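Working notes, structure below.
One chain of protein is taken out of this complex; the other chains stay put.
Lettered A, B and C in written order, each chain numbered from 1.
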Amino acid sequence: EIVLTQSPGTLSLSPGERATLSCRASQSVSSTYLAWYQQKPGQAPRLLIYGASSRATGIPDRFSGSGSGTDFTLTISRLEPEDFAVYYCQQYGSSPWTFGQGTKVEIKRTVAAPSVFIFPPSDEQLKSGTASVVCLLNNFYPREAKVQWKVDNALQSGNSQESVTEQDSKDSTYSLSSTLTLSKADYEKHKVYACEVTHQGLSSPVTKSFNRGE
Amino acid sequence: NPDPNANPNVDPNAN
Amino acid sequence: XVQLXXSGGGXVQXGXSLXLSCXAXXXXXXXXXXXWXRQXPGXXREXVXXXXXXXXXXXXXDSXXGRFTXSXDXXXXXXXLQXXXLXXXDXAXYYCXXXXXXXXXXXXXXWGXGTXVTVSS
Partner (left out) sequence: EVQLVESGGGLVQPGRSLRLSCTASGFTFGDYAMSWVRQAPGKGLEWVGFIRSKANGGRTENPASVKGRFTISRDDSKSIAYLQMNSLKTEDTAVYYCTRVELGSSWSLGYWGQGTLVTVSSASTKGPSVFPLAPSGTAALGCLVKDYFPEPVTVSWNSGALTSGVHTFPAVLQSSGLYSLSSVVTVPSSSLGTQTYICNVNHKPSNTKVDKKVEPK
C-alpha cells in the first residue's frame, strides 16, 4: 500500500498570499495517477487537478500542480477567501487507492492567548451520582494548545474528552472545551480540581482551579 | 508496469 | 543542557530600529519553535512573536503586528527579532524561549537571560 503523507498539517496564511501544499508518497507514483481535491466543512469534496497537467472543469487558474516520482505540490498562486478549506491528495495508480490525511488552509491572525474558565459540576447532576467538570479555553489563536487536568495535584489520564469549534468567522479564533467526567463517589474523595493550559501565547501555564464545596 | 487492479477503465482479464 | 543568549539590545530614540539575536547552544533548535517575550517594569512577561520551524511561519502579538519581524537562521542556530518603528512603550527586557514541544503547544522550558531595550529621546 502506498501512503500519501501531506505536509504541513495546517497552513496558516491570509488572502493574497501563496499557498504551497506538499504530498509525499511512500512509493514512486506517476503524475498521471495523482489528483487533488478540495473539501469545505459540511460539503462533499470536489476535484481540482489531476494527472500530469489536467484541471477539473471550472477550476480557477490560480490552482496548479507539479511534481515527479515521490514529491508533488499543489500551488495556489494568490489565495482567495473561498480557498480556505481542506485539501486531500489521492493516488490511484496502485491498489488500493489511498488519500492523504489532508492539509487545512486556515486564516492567519495575530496571537491571542486563551481565556480559561473552570466550571464545577452542578448540584443537580451530583444528585444523580456523576460529576462533570468543564474547562473552557475561549477565543485563542493559533489552534495548538495543551490542557491537562490535575486533581489534588495528580495528573489525570483517560477520563476527559475535548471538543473544539471551527475557526470563528468574525475574529478567526478557536474555542475548546475539556470535560472531566467522574462518579460522584470518586469526585468527593478529592479537594482541588484544576485544569492546566499551555499555549504559545503564554509565558507560563495558566491554571484555573476550584475547591470542592466552595 | 501499472497495476491492473488499480485501473478501473481497462479490463484486467487478458484476451 | 540548552542555553539561550540574547543580544542586540540598547538605547534608541522613538522611531528607531533594533535587531535582537538569540543564540542557542547545547542543542540544535531547527526542530523547535522559538518565541520572543518582553517584560516592562512592574508588568508581567508578555508574548511578542514566535518563529516556528522553517515553512511553518511566524506569529505575532497585536501590539507589534506590522512593526516587528521574527526570522530564523538554522545554520547558525539563531533566531532574530527585527524591531522597527519603536515607541517608548516597547521599553522592556526581551527574552527568547524554546518551545520544547515539536507540536507547538508552548512548553517553554528554557529561557535566556534577556536583553534590555530602552526607547526614549
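Note that in this section contacts are C-beta pairs under 8 Å (C-beta built on N, C-alpha and C of every residue); 3 or more make two chains touch, one makes a residue touch a chain.
Asker: Looking beyond the chains shown, say which of A:84, A:88 or A:187 touches the absent one.
Answerer: Result: among the candidates, A:88 touches the missing chain.
Asker: With the missing chain put back, which residues of subunit A would touch it? List them for me.
Answerer: So the residues of subunit A touching the missing chain come out as 32-33, 35, 37, 39, 44-47, 50-52, 54, 56, 88, 90, 92, 95-102, 115, 117, 119, 121-122, 124-125, 128, 132, 134, 136, 138, 161-165, 175, 177, 179, 181.
Asker: Tell me where the left-out chain touches subunit B, residue by residue.
Answerer: 5-13
In this section, only the chains that are shown with their structure count from here on.
Asker: Centre to centre, by mean C-alpha position, how many angstrom separate subunit A and subunit C?
Answerer: A distance of 26 Å separates the two centres.
Asker: Measuring centre to centre with CA averages, how many angstrom lie between subunit A and subunit B?
Answerer: 38
Asker: How many angstrom lie between the CA centroids of subunit B and subunit C, rounded to a whole number?
Answerer: Spacing between the chain centres: roughly 58 Å.
Asker: What parts of subunit A, by residue number, touch at least two of the other chains?
Answerer: Residues of subunit A never touch two or more of the other chains.
Asker: Which of the residues in subunit B come into contact with subunit A in the complex?
Answerer: 2-3, 5-6
Asker: Help me check something: in the complex, which residues belonging to subunit A touch subunit C?
Answerer: 8, 12-13, 108, 110-113, 142, 144-146, 198-204
Asker: Looking at the complex, which residues from subunit A come into contact with subunit B?
Answerer: Residue list for subunit A touching subunit B: 30, 33, 92-97.
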